[PDB]
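This document opens with one chain alone, in structure tokens, the form solved without the ligand.
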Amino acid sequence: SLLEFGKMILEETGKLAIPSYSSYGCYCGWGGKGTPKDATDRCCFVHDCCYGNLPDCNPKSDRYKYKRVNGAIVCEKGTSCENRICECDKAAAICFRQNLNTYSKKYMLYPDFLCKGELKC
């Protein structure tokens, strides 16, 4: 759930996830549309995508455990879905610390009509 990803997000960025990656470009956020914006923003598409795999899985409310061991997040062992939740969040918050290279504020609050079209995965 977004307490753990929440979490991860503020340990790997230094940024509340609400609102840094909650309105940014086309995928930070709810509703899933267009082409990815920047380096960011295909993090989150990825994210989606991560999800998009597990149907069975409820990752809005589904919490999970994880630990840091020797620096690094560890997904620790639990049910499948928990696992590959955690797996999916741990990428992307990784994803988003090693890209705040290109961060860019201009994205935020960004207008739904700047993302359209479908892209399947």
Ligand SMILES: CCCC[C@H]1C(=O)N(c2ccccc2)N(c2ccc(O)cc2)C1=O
Contents of the next structure:
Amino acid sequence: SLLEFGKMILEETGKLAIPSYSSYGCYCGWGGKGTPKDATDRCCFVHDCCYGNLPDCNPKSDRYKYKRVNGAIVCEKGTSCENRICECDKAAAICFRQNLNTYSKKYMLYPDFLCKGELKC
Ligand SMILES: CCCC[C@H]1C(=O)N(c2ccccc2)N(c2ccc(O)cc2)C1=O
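Given the form solved without the ligand, state the structure of the form solved in complex with the ligand.
Below, the chain from earlier opens the complete complex, with every other chain and molecule after it.
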């Protein structure tokens, strides 16, 4: 669910998911068009695509369980959907962490009209 993904992001990057990643670029937050602006935006694009591979799951509300094994994120056994949602979130958190060095404030509150393009998953 969104609440856990948010905590996963905070633990991983030290940034509050809601500011930092809820209105960033073309794909972080709500998005469905254009070419990802940078690496972080690409993390969100791939994250959206990951959820897209799970048509019958509900990522926002379905809660999963995960633990930290010395920093490593380990998804615990749950329903099929819960397991797959957790893996999608884990990947996004790591991706955000790997690209913190290029995160830019100029992409925060990015205007919709500047997201022009076609990028298939
Ligand atoms: C702390 C969470 C950061 C997560 C980021 C995300 O993965 N989704 C997201 C992506 C796909 C399905 C559901 C939620 N949304 C998002 C949330 C609310 C909203 O009305 C629109 C988009 C996000 O902000």
